[PDB]
Each structure stands twice: as C-alpha cells, then as structure tokens.
Amino acid sequence: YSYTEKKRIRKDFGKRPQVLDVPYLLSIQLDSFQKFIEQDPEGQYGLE
Amino acid sequence: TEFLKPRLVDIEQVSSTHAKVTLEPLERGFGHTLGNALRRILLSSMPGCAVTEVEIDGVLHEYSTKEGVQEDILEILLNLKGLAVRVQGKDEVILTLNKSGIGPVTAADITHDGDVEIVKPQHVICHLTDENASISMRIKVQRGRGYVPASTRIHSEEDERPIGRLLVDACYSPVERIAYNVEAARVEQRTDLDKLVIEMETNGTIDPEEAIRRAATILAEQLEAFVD
Amino acid sequence: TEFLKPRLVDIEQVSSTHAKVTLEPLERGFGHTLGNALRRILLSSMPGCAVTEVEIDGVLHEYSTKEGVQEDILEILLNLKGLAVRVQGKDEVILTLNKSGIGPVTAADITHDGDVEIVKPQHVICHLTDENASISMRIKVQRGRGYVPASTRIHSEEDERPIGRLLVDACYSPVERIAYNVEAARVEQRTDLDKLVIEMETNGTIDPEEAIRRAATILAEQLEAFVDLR
Amino acid sequence: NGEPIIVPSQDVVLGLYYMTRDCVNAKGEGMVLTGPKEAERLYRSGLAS
Amino acid sequence: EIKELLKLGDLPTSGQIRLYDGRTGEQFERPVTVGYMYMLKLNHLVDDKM
Amino acid sequence: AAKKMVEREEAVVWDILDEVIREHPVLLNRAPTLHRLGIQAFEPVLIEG
Amino acid sequence: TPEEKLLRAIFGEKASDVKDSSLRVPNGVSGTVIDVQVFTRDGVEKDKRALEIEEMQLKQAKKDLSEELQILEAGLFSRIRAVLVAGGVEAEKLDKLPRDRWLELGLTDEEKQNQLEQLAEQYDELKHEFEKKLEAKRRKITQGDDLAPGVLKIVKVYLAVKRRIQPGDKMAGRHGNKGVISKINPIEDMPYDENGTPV
Amino acid sequence: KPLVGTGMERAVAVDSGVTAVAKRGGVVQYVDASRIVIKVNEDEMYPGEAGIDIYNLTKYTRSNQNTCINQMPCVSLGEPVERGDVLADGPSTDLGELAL
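Those protein sequence lines, which keep their order, are chains U, B, F, H, Z, A, E and L.
Residue numbering for the first sequence follows our numbering, starting at 1 and increasing by one per position.
Residue numbering for the second sequence follows our numbering, starting at 49 and increasing by one per position.
Residue numbering for the third sequence follows our numbering, starting at 277 and increasing by one per position.
Residue numbering for the fourth sequence follows our numbering, starting at 507 and increasing by one per position.
Residue numbering for the fifth sequence follows our numbering, starting at 556 and increasing by one per position.
Residue numbering for the sixth sequence follows our numbering, starting at 606 and increasing by one per position.
Residue numbering for the seventh sequence follows our numbering, starting at 655 and increasing by one per position.
Residue numbering for the eighth sequence follows our numbering, starting at 854 and increasing by one per position.
Since the hints were derived computationally from the structure, they do not count as laboratory data.
Virtual Cβ for every residue (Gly too), placed ideally from N, Cα, C.
Just to be clear, a hint being listed does not mean it is correct.
Here are the computed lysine to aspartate or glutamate pairs in the DMTMM-like style, where the Cα-Cα straight-line distance is at most 20 Å [said to hold, decoys possible]:
1) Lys-837(E) - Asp-602(Z)
2) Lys-7(U) - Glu-897(L)
3) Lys-416(F) - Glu-331(F)
4) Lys-816(E) - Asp-602(Z)
5) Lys-837(E) - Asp-603(Z)
6) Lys-717(E) - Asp-885(L)
7) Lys-837(E) - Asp-240(B)
8) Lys-15(U) - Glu-559(Z)
9) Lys-11(U) - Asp-947(L)
10) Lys-766(E) - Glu-895(L)
11) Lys-243(B) - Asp-623(A)
12) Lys-7(U) - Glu-895(L)
13) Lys-824(E) - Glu-653(A)
14) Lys-854(L) - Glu-5(U)
15) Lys-243(B) - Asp-333(F)
16) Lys-604(Z) - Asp-823(E)
17) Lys-562(Z) - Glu-848(E)
Coverage of chain F stretches by chain E, computed from C-beta distances (three or more under 8 Å per stretch; other residues unrestricted) [said to hold, decoys possible]:
18) 307-321
19) 331-344
20) 450-459
Build the full structure now, drawing on both the sequences and the hints.
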C-alpha cells in the first residue's frame, strides 16, 4: 500500500479478483482527436 | 434572553363539562411540551374519588346473572364505573343501594351520606323488570390517582375475597378525555411560533379549566425544588 | 394530593463535555413527563456563546485565499463556527488572534481577556506554511439562543457594515445530545418511586446543574400562564 | 363515474389499517369499557393496545 | 456479511432499533429501520423554480 | 409611493397582504390537465418558504 | 411606460432626461461579489476602475512569474549544491558564498562538471524565458479586446450565492429514491434512539 | 466520502481530470490554498531540469451550470507523494474519492 493509500483504506467486500483494471475512462475522445491531429506516414488519418 | 409568554385568547364552553382553551403565541416547540405534559399529568396523576368495589348479594362472578333486571350485571358494573362521585372528608365510604318495583334505579336512589354527593343523579344504573325484583349492593368508593384497572387490581390482591366482591375498573381521575393539537401562530413577522389548542371533556366533580389549573399546579409543585 | 418532589442528588461529570444528572425521587408516571419536558427545553432553548462575525485583515470576502495559509478562508470561517467559548462577564466580546511561522493555529493562540474562557485550546483553526506568513483577525463573540443564520441576521441588521467584515452563522445552543431514563428508585418504604438519570452531552460551555436549573425555570415560567387564568 | 375522487392513499390507509386490525393477546384484552373516550384514555395512558 | 459486521459493531443484527417520539416522548410500537444512506442534493432548486 | 412601499416590503404591506389574501381563492393547476379536476380552487394560506 | 407615455405625448418628449438601464441583481438573489472584469474596446482610454483592475492584473502576473522563478531558482541551486557536494568536498565555502557565485566555481571537467554547466545554461534560458514571458504577458494584458461591432465596453460581475436547503428542494439517493424536502423539523421533534441521537 | 461505495469512486475522481494528480513522485515543499510545490525524487528526475513541479489550483470558477469549481489541497507540508497521487481535491471529490 502506498503512503497516500494508507490514509483511508476502503474495506472491499468483493470476491472475484481484478484481473484487468478499469482503463482510462476518457480514452475515446482523446484517442480520436489524437488520430485526427497527429502526423502519420502511410496509415493516413485526419489532416494528412 | 427572554421568552414569549402566552396570552390566552379563548375558553370556548362547548358544554358545561367541555372546553376548548387556546393559547397563542408560544415559542417554537413549546406547544407539544406543554400539551404532552398536561395530558400525561391529567391522564395518570390527577387524583379523585370513584367507584372501586361493589358487592351484590347472590352473585359470585361478573358473568353470572341476577334476575329481575333486563340488562346484565356487566351492564350494571359498566354503569357503576361510569358513576361520578366526590367524597369530602374520608377515603373509604361504603354506599348501599336498595330498590324494588317497576322502574330504572337511578343515581338519586342511593342512600347518600353527608360527606358524599353525586353530580349526576339522573345516571341510571339498571332497569328493573318485576315489581317483586329487589336489588341490594354495597358500592365501595376509595380515593386514588389516575386510572387503576381491575386486571392490575386482581394481580395486586391475592387473598380469597368474600363472595360478591366484583372488581370494577377504578377511574379516579375526573378527566374523561383530553386531546390537544399544535397549530400555527404569528407575532408580526415570524411564523415559526405555535398555538396550543387543548380540548378537554370531563365528568362532574371538577371544572375543565379547574382541572387544567390543577395539573399546572401539580407540575409547578413538582418542579419548585430546582427553580431559579 | 400527596406527591413527593425530586432533588438534584449527584452529577457524574464523565468528561468536560459529558455529564449525567440524577433526579430523585420521582413519583409513578412523572419520570417520562419531566424527562421529555426537560429534553425538549434543554435541546431547544439553552443560551450560549457563539462566534458571530470574523474580520480577517487583508481579506475582502469568504471566497478568497490568503498567501501562506493552507486552509481556505471559508474553511477558516467554518472552523471558527465550530469554536466553543464561554463569556462570564458581558454579552459581546471581540477576540484578537495573531500568529506567525509554520505551525497549526489553534484557539490557544487567541489573546484571551479576563472574562473569556476558551474551553478547548486544542481546537485547530487554520495552518500556516511559511516563515514570513502571518495571520491576524478579530472575532466577535455574542450570546444568544437557538440558531440564527447570517441572512436573517442581515434582515435584522439595521446598521451599516463595511466591506471586509465576514459573517458567520450562529449556532448558539451549547447542548448537543440528551438521553434520559426512568429507573426504579430504592426507597425503604415506597416501591412506586423512580429516578431520572439525564445524560447530557455539551460542548463544555454550560454547567449541567445550571442548565437543568434554567430549563426548569423556563418550564415553570411557561406554566405560570396555565396556573393563573384557566 | 359517481365514485369519490377523495380516497385516502397509502398513509392514511396504513394508519387506519393498523388502527382497526386486531391481535389475539395484545394488552388489556377482555376488558369492558364505558366507551370510546375510555378506550382513547386506555391507549394514551398505556394500559391497552 | 452485513449482519456479521453489525454484530462486530455491537449493533442489532436486524438493522432495526427502538425509536422514541421526540414530541410525546413515547416509544414507537414497531422497530424502525435506522441507518446511514448517501443522499444527494439535485440541481432542481426551488429558488430557481419559484 | 405604494409601489416603493411594496418594493421595500413594510410590515403594513404584509398586513395588507394578509387582509387581501383572506377569502380570495386561487386556482392551482398541474399539467397535463387530462380531466377537469386538474384545475381546482383553494383558499390560500400564507406560508414562509 | 404608458403611465408617462401620454405625459410625454401631450406635454412633450423632452429629448433629455435619460433612462435608468443599470445592471441589477435579480429579485430574491443575495450573494457577495467575488470578481469584476472590464473589457474595453481597443483604441479608447478605458476608465479609472478598469485601469485599477489592469494594474492589479499587472502586479499579480509579475508576482506570480517572479515567485515561480524564485522557486525554480531555489530548486536549481539546491541541485547545483547537491551535485557539487557529490563531486568535491565544498560545504562551508559555498554557504558563505552567495548563490550567484554557485555556477562559475568548481574543479576540472567531469560528469558533474558537465551537469553543472548544463544546469547553468538551464538557469540562463530559464531567466531568459522568464523575462520573455513577462513581456508577452504584459503586452497581452495591456492590449485591447476586439469585441463585437457596436460594443464600447463590457463589465462582467461575478456573484456568489450560498444556498442552504429548504422545503421545495429535490433530494435523492443512488437507487432512484428521489423526492422533495417537505419540512425542516426541529431536533427536539425528530425521532431519537435510546442514546438520544436523533435521526 | 460515501460509507457504502463501490471502488469506482477513485477511478472516476482521477480519470475525470477534475482533481490535481501528481505527475512525478517526490516530497512536498510548499502548500498554499492555491499552489502546491513538489520537489521531485532524484530517480524520477530528468538530468536537465530543476526537479520542481508547480501545481496551481483553480479557485472559485463558475462552471457551465453556474455551480462552484474550486480545488483544495489534500496533502500536508513535508509529506511524500508518488507518481499518480492526488494532491488537490476537486469540486465533489474527497481524498481522491468521488463524493457527490
């Protein structure tokens, strides 16, 4: 446990283990605008 | 840090034994305090005199029936519970009733004493069906506080009582029904204040306003030790 | 009419804030009556001292930050709303608070007067996070009863207030929790007598016996209008 | 229809149902009361359910 | 698990305690569910609707 | 002068409002008014809030 | 208004006596004022209050940039004294020397000397970008705002209302258990347990 | 913070971008109500920079729905933080947990 997570540990009642953690929740908008605005050699997306 | 004393606005005399007093304004949440205190004190602490025991000849329990009367001795015990009485001097007066002939025996037919008077002489105890039907009983009047029922009375007494000692519910307090409510009242701007409306109906032996003043007397004499 | 009367027999000061007051003896049926009446009166209508206005030097409104303090000014005003203090002498006093250097600012750093007793010197107010960062305020402490918000106070403020004087809501009442019980009393000739243990939890700014004395005084003065005229 | 639109709903209904609903050995069973005012007196004093 | 946690905290395992009326002082007849729920203040404020 | 008196909300303005309100019904209506009992008349009681 | 429109008709519209058109707080809305912002059109002299707000923004931006420069300078000088203590045994001769003479002294060329040189160039480009950003911020806040056509100046007032709950407010839990506050009861009237804690 | 939550509270409060998470791990040097300065640890430090992170906080900014947005520092003076640690709370967060 980290030194900021030892401050208040929430007692989890879950039984199944977290195999895959919850991803970045705003990946869709940021990934779409990054694909639109970035520069790409041959896999052409967006402005190019 | 001074309080809002109530200034009485109404004493509505509905009947001779009925009153709707009204008290406005009070501080917020004081109507329930005063109303519940007065209702608790009147219901379970106001002392008086009432019928506590009656011994009718020939009868051994409350479900057996003495002849000559059209209503049961359960109705007789009910009408003797409903009788209102006031003893001046003593705390133990045995009332003896004797009657015969066609006609309902009322509360005026009791062999009265000097220190015991009836406020409702037209209170009918039971009706008689025969000219030769005779009724003799020994009504006992004690002095107690509030309401003492016959179930608690027969839990308390344990000796083998003589035959005819029928337990009747002892309703010592003169108030028959008290029911209050809290309404809304207002001094010039603020509307959080309240208005206490106490509806009281009693039997005889006391006035309703006299009983409210007696309950306030009882509470003030209970509080008077730790008062600044 | 053969009733007995209760007296204050003892007081169990569990802490500075907690107390248990026993009334003894009580008749059969009066324990719940006196307990509920004293509970409602002691919960609604006790007087006390609460922080009314704060004037922090160099601060215009509550929605600003001062350079050096870790807390916001609004959180500082909330901490000063939580301040417990009693005033023996007067009805309104102004307390000054100065502090400098790194460290928590508590109520013990308030420059006390002769008649002002702060019953919790370990109550934190703000923090300071620099050697050259100082705070300075002026806390007006009044006396009232009940809960008076700042909006109703402004609608009761016929005077004129400068810009920079912050207003706090005033929770004047010093009583926080009351529990009562009706236990049977041990009387050598009577069995229908009771004892009323009133478990009073305060903020340390009211005496238990003084609070019960003033509550019974309030109840008797309210019952005067019943006992006099119908 | 001719039916009343002022019907009590769910809280008045729960209260009057709890009021009128009986029980077999509650408290103060088998008494003989002078009337509804004595029944109200018994309930508010706590000698009957 | 909820009842074992309530028995750890020295609480009634049925989650229902005895409550008293604040006005009459009397006890409610049936045991009442008392606990801590997370309540939100929504953005439909009567200052904005009046 | 009456407009600035109501604009400053004197205690006599609240007293005159208490006199005006009495025995003057208002209509309370909730949309959608599907049947005719979606508008009804009531005698108003002045409340805070 | 038609109360005085007939009085401006039959007596005469004065072509004078200008109209009150002030920005007022809406009715039933209290609250303090936390920020004012005046956007004047580029070209005209602004006002005394707009000039005062602009001087406040100027000294605030200068204080902010100088404070972040001092903080970054303290961090860079602490890294300089750490890497020179790791290099050579120079402790008191750098404490009694001023912090301006922390980047020129040392010893012969090693990895810590290259680190000291590149951190000195970092400090030089740091103060260069500091004064460049300060002049850019100064010209950015002294240049005017190209507003809409037909607009002389806009004043933006920011209120701050603190709203307490009251009867009428919609409250909700996380399970679709919504509803409206009907009454704010006193704590002596609320129901309580055997310990006297009301709900 | 809710007494009965789920565990998605910290995920929402960090991934919403409304808090102020730490970019690099280190010790905290100065906490105001509007500025948090963190001296970065040496292993997470680039060799060309000063190793100082500045976290300016937003204080009393009107949102789109005319609500309040202000960030309050949740760390104290001298405490250590790691990469990904919540330093300032959001409008309706508390210690990096969502609190509505």
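The hints, checked one at a time:
Distance check on the hinted pair: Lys-837(E) and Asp-602(Z) sit about 16 Å apart at the alpha-carbon level, within 20 Å; holds. Distance restraint check for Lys-7(U) and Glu-897(L): the Cα-Cα separation of roughly 24 Å exceeds the 20 Å cut-off, and the hinted pair is therefore not satisfied. About 8 Å separates the Cα atoms of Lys-416(F) and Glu-331(F), which keeps this hinted pair within 20 Å; it holds. For the proposed pair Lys-816(E) and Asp-602(Z), the alpha carbon gap of about 12 Å is at most 20 Å, so the pair holds.
Proximity of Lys-837(E) to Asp-603(Z) is assessed by CA-CA distance (about 19 Å); at most 20 Å being required, the pair is judged to hold. The suggested pairing of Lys-717(E) with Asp-885(L) holds, with an alpha-carbon distance near 15 Å, which does not exceed 20 Å. At most 20 Å may separate the alpha-carbon atoms for a hinted pair to count; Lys-837(E) and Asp-240(B) meet this at roughly 12 Å. With a CA separation close to 16 Å, the supplied pair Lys-15(U) and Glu-559(Z) stays within the 20 Å bound.
Between the alpha carbons of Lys-11(U) and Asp-947(L) the distance comes to roughly 17 Å, so the proposed pair stays at or under 20 Å and holds. Simply put, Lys-766(E) and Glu-895(L) have alpha-carbon atoms about 15 Å apart, close enough for the 20 Å limit, and the pair holds. For a cut-off of 20 Å, the pair hint linking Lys-243(B) to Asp-623(A) stands: about 18 Å separates their Cα positions. For the given pair, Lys-7(U) sits about 25 Å from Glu-895(L) by alpha-carbon distance, which is inconsistent with the 20 Å threshold.
Taking the CA atoms of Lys-824(E) and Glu-653(A), the gap is about 18 Å. The hint holds against a cut of 20 Å. Of the pairs offered as hints, the one joining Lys-854(L) and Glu-5(U) holds, with about 14 Å between alpha carbons and a cut-off of 20 Å not exceeded. Distance hint between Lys-243(B) and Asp-333(F) is unfulfilled; the C-alpha atoms sit about 47 Å from each other, more than 20 Å. Distance check on the hinted pair: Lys-604(Z) and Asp-823(E) sit about 10 Å apart at the alpha-carbon level, within 20 Å; holds.
The suggested pairing of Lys-562(Z) with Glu-848(E) holds, with an alpha-carbon distance near 18 Å, which does not exceed 20 Å. Counting residues of the segment 307-321 of chain F whose beta-carbon sits less than 8 Å from any beta-carbon of chain E gives 4, enough to reach three: the coverage restraint holds. Counting residues of the segment 331-344 of chain F whose CB falls under 8 Å from any CB of chain E gives 4; the rule of at least 3 is met. Coverage of the segment 450-459 of chain F by chain E holds [criterion: at least 3 residues with CB-CB distance below 8 Å; count 4].
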